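Just the one chain here, the form solved without this ligand, laid out as structure tokens.
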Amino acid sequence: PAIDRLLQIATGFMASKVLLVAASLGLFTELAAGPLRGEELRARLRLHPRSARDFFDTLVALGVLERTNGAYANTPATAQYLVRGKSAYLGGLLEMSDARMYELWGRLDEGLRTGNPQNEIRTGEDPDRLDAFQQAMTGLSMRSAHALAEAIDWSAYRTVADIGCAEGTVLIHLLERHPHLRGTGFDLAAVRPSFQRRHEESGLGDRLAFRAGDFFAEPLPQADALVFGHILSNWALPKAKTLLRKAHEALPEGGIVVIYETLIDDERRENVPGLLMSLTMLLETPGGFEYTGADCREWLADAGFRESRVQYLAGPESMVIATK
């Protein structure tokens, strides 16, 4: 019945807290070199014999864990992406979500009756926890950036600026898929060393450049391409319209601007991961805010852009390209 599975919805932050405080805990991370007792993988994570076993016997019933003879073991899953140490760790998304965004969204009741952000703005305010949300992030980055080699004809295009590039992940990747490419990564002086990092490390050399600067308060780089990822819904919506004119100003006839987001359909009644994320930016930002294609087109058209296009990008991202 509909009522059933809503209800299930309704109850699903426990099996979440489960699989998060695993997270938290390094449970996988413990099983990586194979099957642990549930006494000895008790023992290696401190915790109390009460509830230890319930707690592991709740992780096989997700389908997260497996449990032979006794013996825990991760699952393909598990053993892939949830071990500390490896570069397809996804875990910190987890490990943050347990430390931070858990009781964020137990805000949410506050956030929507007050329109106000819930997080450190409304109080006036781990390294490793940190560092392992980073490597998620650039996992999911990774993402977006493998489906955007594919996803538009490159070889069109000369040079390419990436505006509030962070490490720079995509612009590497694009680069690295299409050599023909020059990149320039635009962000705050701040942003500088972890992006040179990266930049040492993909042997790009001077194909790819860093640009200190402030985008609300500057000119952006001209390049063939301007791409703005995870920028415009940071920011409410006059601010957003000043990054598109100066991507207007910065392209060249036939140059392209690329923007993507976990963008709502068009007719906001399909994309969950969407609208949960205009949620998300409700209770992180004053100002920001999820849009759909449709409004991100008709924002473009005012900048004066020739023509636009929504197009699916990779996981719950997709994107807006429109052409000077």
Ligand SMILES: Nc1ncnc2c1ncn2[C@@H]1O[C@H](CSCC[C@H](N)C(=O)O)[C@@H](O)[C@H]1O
Given for the second form:
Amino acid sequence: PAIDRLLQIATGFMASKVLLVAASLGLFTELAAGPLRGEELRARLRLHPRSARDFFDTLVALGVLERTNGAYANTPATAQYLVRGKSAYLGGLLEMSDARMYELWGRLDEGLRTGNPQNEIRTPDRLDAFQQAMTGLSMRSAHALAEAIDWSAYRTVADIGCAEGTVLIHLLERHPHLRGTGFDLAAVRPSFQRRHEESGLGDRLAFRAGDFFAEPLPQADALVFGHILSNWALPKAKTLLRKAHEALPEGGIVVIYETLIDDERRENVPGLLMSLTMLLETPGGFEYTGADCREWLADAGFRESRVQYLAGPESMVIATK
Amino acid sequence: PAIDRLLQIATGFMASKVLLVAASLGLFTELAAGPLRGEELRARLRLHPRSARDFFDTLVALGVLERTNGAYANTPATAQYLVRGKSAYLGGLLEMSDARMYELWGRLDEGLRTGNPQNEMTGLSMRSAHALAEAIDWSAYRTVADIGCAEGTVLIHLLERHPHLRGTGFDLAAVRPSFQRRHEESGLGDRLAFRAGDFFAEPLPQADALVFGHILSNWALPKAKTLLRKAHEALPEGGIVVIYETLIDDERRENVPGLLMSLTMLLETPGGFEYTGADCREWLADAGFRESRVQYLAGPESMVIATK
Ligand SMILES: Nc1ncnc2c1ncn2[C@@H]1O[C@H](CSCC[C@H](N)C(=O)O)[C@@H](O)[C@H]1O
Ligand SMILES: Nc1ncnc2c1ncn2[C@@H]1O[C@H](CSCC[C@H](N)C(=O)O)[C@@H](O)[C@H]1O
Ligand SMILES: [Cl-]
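Okay, that one was the form solved without this ligand. Can I see the form deposited with this ligand bound too?
To see the whole picture, the full complex is given below, headed by that same chain.
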């Protein structure tokens, strides 16, 4: 019945917390070498004997742990993605959800009532892990972005608000004819340059320190805005599109990607939940639809635009000057 | 990919809070009389304009509201079961989750580390009550006592369903007012009585059948076995004890509701726990009951029955 599906979603915070706590505990990392019996896993996590078995078996019943003859083991997904120290480790996402996001969303009612953010504005190694996970998700968007656009038509690309440069680096690795410029605040420069040095791209990639609310954007054939316009109130986003249009040549493109809401605002749960995340986290940020963005790009003067799926929950709007 | 499913479970607290806040705001009760445009719904709920449309549309995307021409309406399920004031209302589970359980489960880590609790319905009991009345041949018995009866919903339904029965509700004295109200509502008169007491301090009422609905799981195992001993002492030869719980499956690898309930018991009680049918049958045999059986009762709730 539909009411059963609804109650299951409404009480989803419990199953959520089980996985979140397991990640915060590093439970899956303790099983990376091989299976462990219940008492050994409990002792390594320093859990009380009262509920350790229940906790482990809940993970088994949720499909994220295996158990055979009293010994628990990783599933293929947790061995691959929830083992700390591996290059593919995404557990930092869950670690940050457990440490911060879970309680932040506990203030949804007050954010909805006041319209005001409910995080630190209202009031160590987990940040590295979370940043590793962000770089991971960024890489997925970057792999798709490299294949979704005919990059042979362009010679230069500028990533606006590039952070550590993951998308830009992967783009230039997949398309060796491209030259790239990452644009971000000066404080981002060392993280970006460490990835630049690791990539071996050399002079093909540069960083420009800047504030995009106070100076022009680098000229390039393609400008990329990944998770940029959504952080700000709309007049500030339109300012950025004007600067993008001024930075581009004729036939150059702007690429905007976000966890966009579907145009009819009735299908895309992750995009709509992200709009609520922007409520809780920023003064004026917001998630939007592709159709919203196409209207802004038309106001800014772009000749044409289209919405296109990217990967995971991400999609993009591409416009031509 | 199974990893995409894992990540959807892990972040399920977001969609959960959307629904919980909706239920605590009575949003579906506001749409009970008819559809409303977003602004009118925003005004009636006292929500800020920044995010009201996002919130309403998330509920549409989750499939619990419908929207057309800018007007929102209940779905059939939310009109049938999430509208306050109706006897079928199931939203009390959601309201208490939003007020208490969401943040309580935020302390799951401390519970697991310390083993200590971290905390310091009539409709949902009615589904079990109806199933209990139909799953047991109550014509074989004359009297029934419900041990820890709360407001008496299950016992009242049994007596309404089987008019030959005489019933006794047993609970702490503080529960008696709420029992008396439901007893007065039922018109059952002399066929139903409340007995105040503490089942760890005094014997249980004698009856042909004793019912333990969501009792044993609240207590450490020695105390649960003590209750089964007292049930054996209170029953006649051929009498039955009826236990119902959201039992974990015997292999302890599939029943997510039962396993989550055991963690709920961790967070809420000093020594309670969820258990399996096989567990309960062993306890019943140790207590001297002749025979026992486990059957599904109603959705996630199962029943263990034993005969003296
Ligand atoms: N005023 C400003 N000028 C330049 N960059 C800014 C800025 N304000 C914020 N940023 C940058 O914008 C980025 C937003 S996070 C987005 C990072 C990346 N595009 C991705 O998709 O993962 C941050 O790296 C932040 O440093
Ligand atoms: N020591 C005690 N003596 C008698 N009743 C007790 C008790 N300790 C707890 N209880 C009762 O046990 C009940 C547990 S809640 C379960 C209520 C009911 N059987 C149902 O399924 O809905 C509460 O009503 C509480 O009042
Ligand atoms: Cl150029």
